[PDB]
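*Asks:* Next come the chains, spelled out residue by residue.
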Amino acid sequence: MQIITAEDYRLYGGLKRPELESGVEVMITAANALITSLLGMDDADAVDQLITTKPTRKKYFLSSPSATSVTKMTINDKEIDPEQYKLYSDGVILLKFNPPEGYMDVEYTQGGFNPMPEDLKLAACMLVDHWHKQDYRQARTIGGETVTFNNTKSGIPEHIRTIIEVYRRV
Amino acid sequence: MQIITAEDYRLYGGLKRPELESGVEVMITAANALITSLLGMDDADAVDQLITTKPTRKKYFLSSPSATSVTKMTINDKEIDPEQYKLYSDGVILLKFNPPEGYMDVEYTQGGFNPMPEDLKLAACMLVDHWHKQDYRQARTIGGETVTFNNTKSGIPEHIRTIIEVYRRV
Amino acid sequence: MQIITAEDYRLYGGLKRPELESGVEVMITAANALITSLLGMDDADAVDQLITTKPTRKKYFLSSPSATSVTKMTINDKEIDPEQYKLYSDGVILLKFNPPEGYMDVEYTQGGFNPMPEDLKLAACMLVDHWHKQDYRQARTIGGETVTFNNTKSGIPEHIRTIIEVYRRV
Amino acid sequence: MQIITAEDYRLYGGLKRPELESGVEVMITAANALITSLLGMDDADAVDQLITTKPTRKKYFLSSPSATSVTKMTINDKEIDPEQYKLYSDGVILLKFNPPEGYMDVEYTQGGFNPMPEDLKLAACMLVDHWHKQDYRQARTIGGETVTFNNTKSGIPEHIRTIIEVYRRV
Amino acid sequence: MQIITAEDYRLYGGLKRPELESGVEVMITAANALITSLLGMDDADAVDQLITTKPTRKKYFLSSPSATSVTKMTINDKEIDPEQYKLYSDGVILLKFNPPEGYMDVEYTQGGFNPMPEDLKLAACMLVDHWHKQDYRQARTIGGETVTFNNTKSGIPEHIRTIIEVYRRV
Amino acid sequence: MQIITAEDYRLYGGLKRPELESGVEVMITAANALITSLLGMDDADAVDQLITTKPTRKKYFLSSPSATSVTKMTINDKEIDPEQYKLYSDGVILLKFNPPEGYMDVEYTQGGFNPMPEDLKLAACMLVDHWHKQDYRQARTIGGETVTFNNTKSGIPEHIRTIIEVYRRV
Amino acid sequence: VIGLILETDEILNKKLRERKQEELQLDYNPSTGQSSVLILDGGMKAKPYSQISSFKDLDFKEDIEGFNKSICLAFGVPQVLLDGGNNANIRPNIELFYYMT
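Chains as they are written, first to last, in full-length UniProt numbering: chain F, 1 to 170; chain U, 1 to 170; chain V, 1 to 170; chain C, 1 to 170; chain P, 1 to 170; chain Z, 1 to 170; chain E, 203 to 303.
Hints were generated in silico from the structure; no laboratory data involved. All C-beta atoms, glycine included, are put in the ideal place defined by N, C-alpha and C. Just to be clear, a hint being listed does not mean it is correct.
[What the hints assert, rightly or not] Only pairs whose alpha carbons sit at most 25 Å apart, straight line, appear in this in silico DMTMM-like list of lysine to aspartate or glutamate:
# : chain 1 : residue 1 : chain 2 : residue 2
1 : P       : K153      : E       : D243
2 : F       : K58       : U       : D45
3 : V       : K16       : C       : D43
[Stated by the list, open to error] One side only, chain P facing chain Z, incomplete, derived with CB under 7 Å:
# : residue
4 : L20
5 : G23
6 : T29
7 : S37
8 : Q138
9 : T141
All chains should be built: construct the whole structure from the sequences, respecting the hints.
*Replies:* Structure representation (structure tokens):
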């Protein structure tokens, strides 16, 4: 996805200089990719899937909880009418009939976070700050001033970790 | 939700200055979103839900404990009259009849914290203060003055944690 | 509840200044809300409750241990005469007859701490001082003077914790 | 109860000044309430109680071990003559007959510590001293002089704790 | 793979010097090889594989989850028509017929990360900086300035570790 | 194997001096031998091996996963035609017939890392640097400058350890 | 079903890892293989795992027998006629079945 870019990164901090340094753009794009990868999302217009179909099961789960619609469905090389299934608010799909055994092929259109939450923007901005200023040490001191940094959970700091884990199943 | 905004943030601290810095508004909005996300609410006028119905069960729980009213109810593609249920103080729904098996679809209207509690406002103010002044380190020493910060519970500090967990099931 | 307000907060500290800084009133109101929320109480004139009725059980407990009176009781859509029950000192309700199965709906009026105990006032004053003076760190050293703070029990300090837990089931 | 008041607080710590500071009276009253609450007592002239009555049981325990007398007794809505029970030194009540099943309603007059023990007065005075001088930190160093305070048991310090537990079931 | 090269390494940092020290190119190539070896990839145009075939199994997984197409498949020295199978989005291969026992030989063409993710480039830049500046000690103190480094997970630092383990099964 | 020699060692660091010191060549050759020994290889043109043969087993593993071809195979003192086996990408050998019991003798030609990986070259260069500069102590302090070295895994440092264990099964 | 679980804290070359997975499984089977002793070098450990869901908790004999007996009861056929037994079990049960049902 595209979380921050130069305008939001500038608004987060106070830079007044003419332009972001060459290294800053790479870090911003890297954070944009890394967060959307950590949240379980995958940048793709449409996704093809295998959901195993057992009888007496009428509730199948799509991979992306943010599936807008299902273009087509095929069970055992046989297409199914749009009136035999209903896609609810989540990826949950309900089948009115009893599906036969075999395999299921579903094509859906994925769309996530059309209005972008500000929590993810803050998390990405502070990740960019973490990479830019090398605040990835256990301790540091330049003369009088000493700094001891936070504990890390799977590498990322605690605050970015809590924001991600708030949004970490999409 | 909108918990704090500029006026309440100004009242919490003492700012004589003309105007909040550009980075402060982003942090305020991010705190507004994170708090309303951590407490379990979801910003939405109406929510569609699947509550599975078993026989000899007449007490079903809505997702939001702050549901004002139920617009319609549908059990197995059959609507239910308003006189067969009545919504109590919480999201609890009591069914006078014995529901058949299958699935149930309920559409309700959410309303949360019309009088905004001051505890959540203080929590948001102290969160945005936590972000603004970079008080997310284990310790810090600027010359003579030394500060050792509190322990963290799932990232957020202890005080914000206790306020949230006081309100963390809505 | 309304525990402290400006007069009692002034009578604790002893301040001589004309007024209370704009931030102090917000902290006082937040402490008033937080304590009445932590004690298990709920600001409400009347509360509707579901208490399930099994046979050979003639002792049901109301939600609030400080219920002044019961306005109305209805078992299985049938009202009950006031002479078939009487509410004791606590929320305990004894039913002279054998209640049928089903559900019970009780409406009662809450009254809590008409004479306000001084313990809660001291706890709230300590909380507002704790928030005002940022005394929520593990240690602090301003020049020669060093202060190491107490351990925290679910965030709140030890003294406020003991006062609350003395009153924390109302 | 009323343990200390201004005269006893003054006698505890010799003091020359005209009158106790405004904050000191609030702390004294708060300690007076807190100690009598911690010792299990309850300020009340008369107390109504439910004691479950099983047959072959002729020894029922009153709530307050300092019950002066029992005004009336009613078992299953039937009053009982004063010659059928004897209230001994403690709250223990002996029934000459075999009580029937059901429920028991006893009204007694509570009176506790007519001669005030000096241990409770000392405990309350030192609690007031603990609150007045903010001796509720783990350590403190004002220049050369350093102080490390005692361990806490459920918040209150060790000495106040042991005095309370000496008197903590009345 | 080829992740960084001189242009990307220059863009990550700020270098105005004419060229890259002779040692820097070796470290860049070493990082390029090390990352593509750690993530489970293998630089190869085509790969021959043994996938054992049991009956009533119609789902076989290829070695590389990024297999573009299958050129040829041979079950027990007998070629299979292209219409008896079709390769899905991942390396998953479904066989329409029931395969006999024995062994299967499949030739496929690997294609990996045609658009290079920026996370891997950032990780490689961090690795080459880690090798160039000898920042692989537990602590270091040059005069006043002291630096204490992060914990290591299987040798590589925490941030590179998290990026790799985000991409470490391809 | 020959991983480094003087040219690659010079390219790793920056040496403008005429010629490597006499002790450096010995350390380079020792690193060359230690790495090729640790990764499980053995410098040899051809290797004779006893692979025991049980019936109903047609998949035998050669000692070296980098065997180019098998010159001769003999089961129970009986030579076997080249058409009864064909050597796959790894050392895996598939026998078309059912081998009799007894013992089986294979003569193959080993070839390992014809294109030398840069990871092993960097590991060897940093090993010889580790030996030359006596960086095999827990800590060291020359005047102001203090260095605390990494933890060791089976003697070799963490970084060389991770590179080796990436390549340590050949 | 699992036979051996080996754990390491480093990234040891997925391809040769799978090769060793095949090799150990082939070698240590007593039907096709002649090895019994394992030496773990380089720091690799062995996790003493157990079995979570076994086939001994699924005791379905009594329920199935009850269902069969109840069906035979519903139709009226004595169980001895279906199973078979001694003469005193054979003839009176035949007479009871025919007559009563």
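*Asks:* So, for every hint listed, does it hold in this structure?
*Replies:* Results of checking the hints against the structure:
1. P:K153 to E:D243: 20 Å, holds
2. F:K58 to U:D45: 28 Å, violated
3. V:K16 to C:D43: 36 Å, violated
4. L20: Constraint on P:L20 not satisfied, violated at 12 Å.
5. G23: 6 Å, holds
6. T29: Hint on P:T29: holds, closest Cβ of chain Z at ~5 Å, below 7 Å.
7. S37: 6 Å, holds
8. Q138: 4 Å, holds
9. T141: With a closest approach of 4 Å, the P:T141 hint holds.
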